[PDB]
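**Student:** What follows is the residue order along each chain.
There are 4 protein chains.
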Amino acid sequence: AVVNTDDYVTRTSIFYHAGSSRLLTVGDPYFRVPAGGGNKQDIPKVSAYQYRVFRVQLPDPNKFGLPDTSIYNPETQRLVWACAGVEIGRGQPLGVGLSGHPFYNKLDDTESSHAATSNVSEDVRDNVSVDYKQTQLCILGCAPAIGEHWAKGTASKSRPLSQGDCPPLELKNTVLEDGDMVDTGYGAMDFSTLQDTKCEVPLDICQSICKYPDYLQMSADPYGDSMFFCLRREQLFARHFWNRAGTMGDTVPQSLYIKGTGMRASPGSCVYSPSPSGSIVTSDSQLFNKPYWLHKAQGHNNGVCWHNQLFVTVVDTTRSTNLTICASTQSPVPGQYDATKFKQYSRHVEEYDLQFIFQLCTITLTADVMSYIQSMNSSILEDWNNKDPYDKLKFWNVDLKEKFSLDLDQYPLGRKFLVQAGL
Amino acid sequence: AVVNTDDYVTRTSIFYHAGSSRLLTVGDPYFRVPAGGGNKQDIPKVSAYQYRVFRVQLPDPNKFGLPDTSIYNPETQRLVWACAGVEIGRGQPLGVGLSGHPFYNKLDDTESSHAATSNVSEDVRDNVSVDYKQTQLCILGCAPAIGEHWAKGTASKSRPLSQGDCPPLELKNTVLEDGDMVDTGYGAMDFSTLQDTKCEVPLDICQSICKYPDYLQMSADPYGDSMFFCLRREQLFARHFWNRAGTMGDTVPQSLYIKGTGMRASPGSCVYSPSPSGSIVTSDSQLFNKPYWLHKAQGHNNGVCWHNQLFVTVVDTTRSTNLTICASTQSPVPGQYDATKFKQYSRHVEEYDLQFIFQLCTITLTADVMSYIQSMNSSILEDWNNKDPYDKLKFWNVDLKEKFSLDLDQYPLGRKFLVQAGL
Amino acid sequence: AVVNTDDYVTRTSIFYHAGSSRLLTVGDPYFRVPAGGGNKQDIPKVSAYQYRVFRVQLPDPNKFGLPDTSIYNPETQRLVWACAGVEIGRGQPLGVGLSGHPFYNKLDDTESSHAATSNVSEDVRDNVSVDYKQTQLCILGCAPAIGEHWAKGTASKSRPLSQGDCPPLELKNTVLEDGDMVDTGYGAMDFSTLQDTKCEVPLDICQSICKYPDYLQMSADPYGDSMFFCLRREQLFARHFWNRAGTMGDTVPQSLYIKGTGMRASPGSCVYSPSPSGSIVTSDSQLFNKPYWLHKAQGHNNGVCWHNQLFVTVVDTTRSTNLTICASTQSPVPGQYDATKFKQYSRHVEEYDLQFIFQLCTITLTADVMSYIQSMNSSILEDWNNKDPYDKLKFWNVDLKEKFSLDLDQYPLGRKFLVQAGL
Amino acid sequence: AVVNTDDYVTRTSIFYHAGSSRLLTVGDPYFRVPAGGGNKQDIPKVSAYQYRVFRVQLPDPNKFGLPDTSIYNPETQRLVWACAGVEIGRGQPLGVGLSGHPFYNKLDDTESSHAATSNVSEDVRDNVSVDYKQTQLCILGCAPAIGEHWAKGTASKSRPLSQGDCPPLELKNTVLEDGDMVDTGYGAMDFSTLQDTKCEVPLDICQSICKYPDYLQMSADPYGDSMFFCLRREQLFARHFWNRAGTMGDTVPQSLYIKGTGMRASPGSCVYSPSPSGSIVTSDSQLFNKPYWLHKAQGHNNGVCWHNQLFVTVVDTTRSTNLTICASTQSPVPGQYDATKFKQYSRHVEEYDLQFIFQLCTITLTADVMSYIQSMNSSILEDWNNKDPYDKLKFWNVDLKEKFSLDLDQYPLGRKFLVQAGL
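Residue numbers (the deposited numbering), protein chains in the order written: chain E, 20 to 404, 438 to 475; chain A, 20 to 404, 438 to 475; chain B, 20 to 404, 438 to 475; chain C, 20 to 404, 438 to 475.
Just so you know, the hints here were simulated from the structure itself, not pulled from any lab data.
Example chain B residues on the side facing chain C (calculated, C-beta under 10 Å, incomplete):
no. : residue
1   : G110
2   : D142
3   : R144
4   : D145
5   : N146
6   : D215
7   : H259
8   : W261
9   : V300
10  : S302
11  : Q363
12  : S365
Ideal Cβ placement from N, Cα and C applies to all residues, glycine included.
Required output: the full structure, derived from the provided sequences and hints.
**Tutor:** Right, here's the structure in full:
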């Protein structure tokens with residue numbers, strides 16, 4: 020049996036505030052631009068449609084200088100940091116931005132085509148763009164969060180798969196790392212392994228894997244270190260309705276229609292998919308830039324930051340305006356306009372700021388307490404006397453060991469916290 | 020340690036009302052028209068998409084005639100104005116207006132073009148207009164507010180930049196001055212220096228700089244003189260999707276598609292940008308014409324107007340109707356219509372009215388108090404016994453020195469203030 | 020010093036109800052049809068986009084017969100009616116209607132034209148219609164309400180203005196009379212004097228003045244007789260984006276673009292203006308048909324109806340369905356359809372009903388009281404012992453001298469008033 | 020003086036529940052199909068846009084069997100039924116459905132026609148449809164509700180009207196009977212007499228009369244029997260904008276425009292009308308399927324059902340899906356598709372269910388009581404000891453005489469009724 024941390028973790032009345040300076044990043048919104056071809060050094064893929072996963076490093080409160088080192092007895096107890104308040108701050112202005120593909124596989128308009136449409140002869144790909152579904156989410160935990168997505172199932176050795184037949188889908192769980200993409204409205208899947216074409220969705224996801232947090236799985240998590248705070252708000256609508264070019268894998272039953280003559284004798288493409296679009300983006304339904312205080316978590320772990328770590332996963336597509344930058348080829352910049360004589364670039368910016376209020380806690384080490392903590396996560400006891441299990445995954449590392457302060461009064465979130473408290 | 024003003028600044032029970040008469044201004048909404056053409060004396064650029072910054076000049080409460088000069092002792096103390104209520108009034112009726120450019124760089128409609136598109140030949144710029152993002156914001160402080168935008172980063176000496184290459188962006192902090200443009204939906208940047216074409220965005224920001232208030236930075240500001248009241252509401256959505264004409268700066272990765280034959284053998288314009296548009300503008304979500312009382316500021320300055328100044332920054336696009344004015348060339352105005360024979364003009368108007376309720380305040384000057392005010396901002400002690441740090445910036449000056457009154461009962465916000473106070 | 024009427028006006032516990040029968044009016048919605056050409060007597064211009072100013076004549080309470088004439092002493096006091104309850108009842112069903120111009124000066128669609136466009140040769144005017152911005156407002160006072168609008172400023176003698184040049188605008192206050200146009204979405208101005216074309220806006224405002232209540236000025240009014248109850252709610256959005264034909268007044272600066280060759284060598288029309296449209300009209304946001312009780316007015320006059328007058332200003336575009344009526348030229352009405360053989364008419368209807376609850380009040384005339392009422396409005400004392441200052445202006449006159457009743461229980465608003473009262 | 024029924028009618032603690040089984044009806048949505056042409060017996064016109072007026076027949080509480088007939092004294096007093104709760108249940112799923120006309124008189128698109136339009140030659144009428152305005156209303160009383168609508172005013176003898184001229188409109192009051200049409204967006208008028216064309220509006224109101232509840236008249240009604248419970252919710256917007264073909268009746272003033280040359284020398288159609296459309300229909304705004312309890316009526320009659328009758332008026336366009344039914348001409352249904360070989364039909368269904376809770380009441384007959392009931396409606400006293441005054445009008449007759457039950461516990465509305473009562 021797993022137990023509420025309030026049972027073995029005593030809270031003190033000591034609170035510190037801690038905050039990243041100003042995280043910022045800019046890059047190409049669609050893909051990375053390999054280093055120095057034009058100008059030195061790689062241009063990262065910075066998209067508004069990708070998870071930002073910050074791994075916040077807290078100072079180990081045991082090897083740390085307390086206001087008073089007579090809060091506990093270093094002989095029978097240890098110290099943990101407990102999260103009590105957060106505010107993901109967000110930088111640029113609200114905005115919208117498109118994503119597109121030079122050869123999007125769009126047969127024709129099946130929304131209300133004037134009449135029939137083109138021949139399914141051969142390359143009828145068109146250049147299209149689309150504003151993706153709108154999403155905002157934010158998760159906190161002392162272990163990275165989990166997402167799910169569909170992938171191409173492992174080919175059975177008993178029944179092999181002839182090339183061209185449709186593979187079986189399998190749901191995969193995986194850790195959400197900084198930089199993975201979100202569901203933009205074409206589902207959470209592995210586009211790179213499930214669509215051979217490379218042209219069924221916009222360039223920024225075309226060869227990527229769109230994951231969606233596996234809320235179900237993380238709620239069930241027995242310990243709940245995965246998420247102890249969860250905020251989500253998404254919305255979207257079908258803007259346009261389209262056909263997919265190609266031969267039909269699954270043949271349309273004959274019992275569902277009546278044959279015609281000519282090109283109407285046999286059914287056309289029946290694989291539809293609409294372009295998504297989130298509608299209005301408004302500051303009414305802004306989820307961030309407000310402080311939220313977590314008083315009692317959902318899971319058994321009540322915001323206790325084991326290992327003095329804390330993961331912050333964020334998705335915010337409400338600020339996705341893509342800057343268009345164009346320079347000319349000629350130096351003097353001729354009084355005569357010539358398209359060719361200008362180079363067009365696209366860049367996306369992202370600006371966060373993280374703020375927190377952490378509460379000092381004590382853990383009294385006794386027989387069963389240690390045996391429990393033993394079962395739960397042996398490494399916990401180990402650091403209190438190395439190889440980290442997250443050393444393979446990408447995260448945006450934010451070190452806050454040199455950032456804790458005791459006068460909450462001097463910081464925004466801190467003053468906010470002091471109000472909410474009474475004094 | 021910075022301290023709350025409520026520690027060293029005593030509040031009296033004296034309240035004054037004060038108010039600009041009626042500020043008004045009219046002009047061309049897209050650019051200024053200089054001295055000459057048929058009109059003597061220059062016509063200003065008056066658009067809704069520009070910050071209005073008012074520098075409100077308050078009377079020096081020391082050199083002032085009190086209703087009783089026995090509220091303080093002019094030997095040990097000094098007087099300061101604290102702000103306690105505001106109402107920014109707005110004048111014309113709600114409405115909407117367009118911004119266009121004669122030669123917008125719009126390649127083609129990548130939302131759902133009927134089919135393929137025109138040739139990347141050479142001059143395909145079209146005349147387009149767009150209703151910008153809708154924004155309302157308002158900020159008060161006793162120091163001008165700060166804004167942020169992207170600019171062309173300084174060219175390194177170690178590694179110069181071949182012409183044509185895309186430059187590095189750099190976020191710049193800058194004071195918001197009356198007249199700067201706001202984010203209209205194509206992001207906050209310096210379009211004059213980042214887009215060589217001069218045809219990427221509407222005439223009115225085409226050669227300008229769109230700043231957005233740096234809310235993050237201002238909150239973090241230690242003294243909190245930049246803003247001690249903040250109100251914002253923006254909203255927008257993507258109306259149309261378009262390509263940008265020109266050669267692509269960053270080349271589209273080969274692994275992101277499959278080649279075709281002919282014009283489909285190489286990828287088209289991959290730099291997308293949608294025309295923005297704030298949707299319905301309704302009185303329901305109006306932010307102004309309502310009195311708001313500031314009881315406890317967010318930062319450590321609690322609405323103390325040091326130097327008997329106060330800056331009111333404001334953006335409000337909810338009333339951007341542009342009047343169309345046309346005069347004929349002939350005097351009798353012939354009964355035969357002929358386009359050429361009429362001259363079309365475009366004008367915009369803007370009407371504000373500021374009202375405040377100020378509370379008289381005392382500072383007892385003590386050793387530490389002065390050494391504190393000293394460290395905070397020496398000039399404050401100076402004026403109690438010149439060159440102003442803001443004489444280089446543009447502001448709309450509103451002088452209120454001859455407008456303070458004691459009978460609040462005589463004025464709208466005044467009577468409203470009395471209610472809220474109970475009596 | 021101006022004073023709250025509560026200080027010199029005592030309230031009784033006597034309440035009367037009063038209501039117009041059922042005001043009603045039908046007419047052509049775009050312009051007046053000169054008397055008797057086809058059929059005897061003028062057809063008035065009845066539109067939903069014109070203000071309706073009702074001048075309600077209440078009985079003189081002094082020369083009136085009270086339930087008990089011992090409520091006051093006619094030797095030291097006088098009687099005034101205080102408003103305490105209103106219900107502007109609206110008749111027809113909610114609906115929408117268009118307004119257009121046979122020759123709207125709409126160059127071309129700068130929203131997203133397929134491409135380039137027609138030639139600025141000559142008369143390209145097309146027949147367009149449009150649903151105006153949606154507005155609902157209601158103002159009570161004992162004086163007509165004030166409107167603002169932009170007019171052609173007076174031509175200076177020192178600096179005359181060459182024909183063709185753009186005149187200067189001047190904001191003009193005026194009284195709002197029954198029948199003036201409201202802002203329909205093209206701004207509040209005098210189209211007849213500012214647009215020589217007579218084809219910039221739809222027929223019904225084409226040659227008229229659109230005014231907008233000058234809320235700013237009325238709140239500032241010292242006595243507050245202009246409006247002591249105010250309800251507004253407007254909303255609208257840009258449906259289409261257009262050019263204006265004509266030659267450009269202000270020349271587009273060269274630094275705002277790059278010249279091209281051919282038609283692209285010289286910028287086209289840069290005078291844009293969108294067709295407005297109020298979106299959905301729903302009963303959810305209906306302002307009227309609901310009783311509103313004024314408990315404490317905004318200004319100093321707390322709904323005291325001096326002169327036993329009360330002006331009711333109302334704009335309501337939520338009900339603007341224009342009936343289409345067509346009669347044939349032939350009597351038998353042939354079984355063969357022929358356009359020319361039918362005449363098409365357009366008629367708009369308007370149905371009001373005003374209800375009120377009034378409270379009898381007494382003013383004890385003493386020295387100062389009289390000298391005050393004297394300064395305020397000398398004519399107040401004169402009627403208590438002629439030429440009316442409003443006899444030039446047009447109002448919808450509603451006589452209610454024969455309509456006050458004491459048994460509020462017998463009328464809708466009355467009963468409602470009784471409920472709110474407790475009993 | 021009229022008096023609140025609560026003064027002369029005493030309420031018992033007896034309650035009954037009563038409910039129509041399940042009203043149902045199907046038919047052609049646009050017009051009735053005369054009897055047995057193809058298959059025996061008329062196919063009614065059942066549309067979602069017509070009023071359903073249920074005339075609920077109650078049992079006579081006097082000639083009834085009571086649970087105890089010593090509730091009153093049959094010699095001095097009588098029994099009446101008072102309504103105390105209602106629920107109008109609605110059957111099918113929510114949905115939207117069109118109405119059109121094979122020859123709609125729509126000249127051309129005046130919203131934003133690409134350029135100049137077709138020739139006003141002859142017959143340019145087009146097959147259009149339209150989703151009507153969305154309305155929901157409901158009214159209860161113990162007399163039929165009253166509706167208003169515009170009609171062709173009676174032609175004066177003094178000034179006869181030459182054929183072709185526009186007649187005068189008159190507002191007519193009339194009993195809303197089951198089957199009359201509601202305002203669908205083209206106003207409340209008698210289209211059959213005011214539009215000679217027979218093609219200015221959809222087939223289903225084209226030759227009919229659209230009525231709109233006269234809520235003003237009904238409130239004012241002294242006794243209040245017409246409506247003692249009222250619920251409405253409507254909404255709509257203008258989808259498209261159109262011209263009307265025909266010769267203009269009223270000629271457009273010359274001072275409202277400037278002549279052009281050719282086809283622009285003379286104004287075209289200036290009679291505009293938009294096609295209505297109720298926007299989204301959702302279950303959030305649903306009016307019905309909820310119980311509403313009437314605790315105190317608006318008028319003087321407080322739910323008393325004189326004559327043991329009760330009229331339910333209802334309009335609900337939220338469920339207007341019209342089923343499309345097609346059968347083939349051939350028996351086997353060949354596997355080659357041929358349009359002509361199938362017959363298309365259109366059928367609309369409507370499913371209601373009426374539930375009430377009635378309260379038994381007593382009237383003690385005294386002198387004034389009778390004389391009052393005598394003045395109010397003599398016939399009330401008559402039945403307590438024939439020709440009904442509503443024998444000419446159409447209603448949907450719901451006989452509940454055999455449906456009253458004492459154990460509210462056993463029926464839905466009854467259980468809800470108990471809850472609201474406490475026990």
